[PDB]
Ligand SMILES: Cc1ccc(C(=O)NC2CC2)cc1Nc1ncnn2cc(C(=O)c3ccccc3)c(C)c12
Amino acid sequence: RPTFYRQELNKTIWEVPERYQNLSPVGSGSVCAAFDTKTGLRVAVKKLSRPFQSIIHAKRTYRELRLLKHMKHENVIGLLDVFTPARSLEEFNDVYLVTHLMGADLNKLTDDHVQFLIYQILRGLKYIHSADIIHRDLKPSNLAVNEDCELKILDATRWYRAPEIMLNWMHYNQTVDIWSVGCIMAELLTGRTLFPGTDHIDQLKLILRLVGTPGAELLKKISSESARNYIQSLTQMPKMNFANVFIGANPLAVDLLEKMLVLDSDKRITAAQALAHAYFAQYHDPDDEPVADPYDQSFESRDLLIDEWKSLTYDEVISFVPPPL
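Please supply the coordinates for the chain just given, on its own, in the form solved without the named molecule.
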């Protein structure tokens, strides 16, 4: 067990292994930047706020730990460390999570740079999706990059949200994330938000202006009577020609955008398919685009007591094995 020290930070007493030095609040659970003297990395240390206050808090804590422990990929945020000052389950109150300190996020670029950034996003998404996980909130502030332009997917704007989410469809597919990637890509290439909706309905309005109103094939798959009736009352607008929207873009980029920003989620390109697109020819390497181990999400269906979620969480803290540097 490492020696901890205590220090008042964000109006509470943080208690962290001495390897983590010079904690500096970075926002708000609450996060401090620190220097990990064991690894020589700048890291973010997150002290969970009220992790076991309620059954929901407790399940949420356990989810977040489970997810972070699972994610072991260059383009996805992972867990460098997880700790508690508690020496037993009985004393177990606080959970700290340690990750790479990400120095900037994506919040116009050259086509070479966009290729590289979007490649990294897709590589990470191929991984995430292979675990049967859907991000559901990809956006520029959830994409961290360092000074070598190495990108990691992390974790109110609706500008990047797939239309079916905006419509509370449920039954989302993984290509909700691909929609988001198309939106980010478009913006990197143009320097302008693709669908800067002012409110919820406006977001859908802007989306349909670009991609057209649903065709006959998509209409067949819409169970909602209210949705169908509204849609068929709309003035049928065709898909815009993306080649004339993204003026002067690499035609491969335009072709990729067309394959991502398809109204029907079943017809959007997958992350693995997109990595094989010619746009990424200079990065694509089937040998090093790994998939994830299977992720046991069964806990999501469970309604357990605080002390049970806590115990499970304590189990995961105890079993944690740091990554090799």
Second form
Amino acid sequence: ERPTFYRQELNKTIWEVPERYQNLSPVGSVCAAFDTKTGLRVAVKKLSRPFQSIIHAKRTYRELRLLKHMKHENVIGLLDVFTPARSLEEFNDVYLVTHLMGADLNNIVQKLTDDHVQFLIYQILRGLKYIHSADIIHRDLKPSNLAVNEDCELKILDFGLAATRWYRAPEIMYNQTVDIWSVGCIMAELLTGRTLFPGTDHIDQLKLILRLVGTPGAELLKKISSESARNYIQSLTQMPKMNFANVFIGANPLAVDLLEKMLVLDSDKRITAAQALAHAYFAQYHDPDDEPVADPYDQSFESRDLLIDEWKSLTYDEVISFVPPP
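Same protein, different state: after the form solved without the named molecule, show the form deposited with the named molecule bound.
One chain, no partners, no other molecules: that is all that follows.
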């Protein structure tokens, strides 16, 4: 049942795709490919040297596993996976095909409507609810891995894999609430058009992050663990928690309330993805009957730290066995 493939040299690499797909422009490297089968615009990704290190081989089995498992309206889904290789010992290339959306949330920023922010933030949180229910953290949610079409249907890309310190959670710079800090950072920018914390250095970010949320209180200074984390907080000036209204001028009161609860340093007391959906701000979008959870993902392969050759064969079988969904 193997069809026929074709070569093309792009950006110093050889894209070897079947006849089924045509035209490949960069949008490792992801091409904007036009389908001739369903006549849609599919996303075609060719990975960065998939098995040329032990981690690359693991980041490949995980990515393909994560994708052949997630099934949610706001989470990228796998349509196809292929290899130009005819056998197992010739398998060194992996291709992943999804749906291609318009652009990203970084591209839709601009002064945004509170109802347009309502609909995107709701989609992000509903997408995280189905991701978190399968025990997975994005850890680097930025508007660039939040793809949107023309109708504002949103899909989360690049979950569970990984100027740059802009959206990182304080406790990580552990807990699913790491992505809730990123959600608040995107929402703040959508409501205005200004990066809440656009810091350059690792330390400066923490000084900018604590400039709005305040300095960690007596309760948290006891909760805190790390010596350098303790000896940096006590080395930086005393800062009180700022009023969100004073910075979030004109914004919907229920939008100012969510962000205040979202952007707290306390991980044990940070609003969850499931909890944030039933919040007053999303009263129009919320519906408990159409908010799906995830069918258990076999994360047993993580505790294993085997050899390249073993990862490759596991990745090999998930490609052969793959059944294309309607």
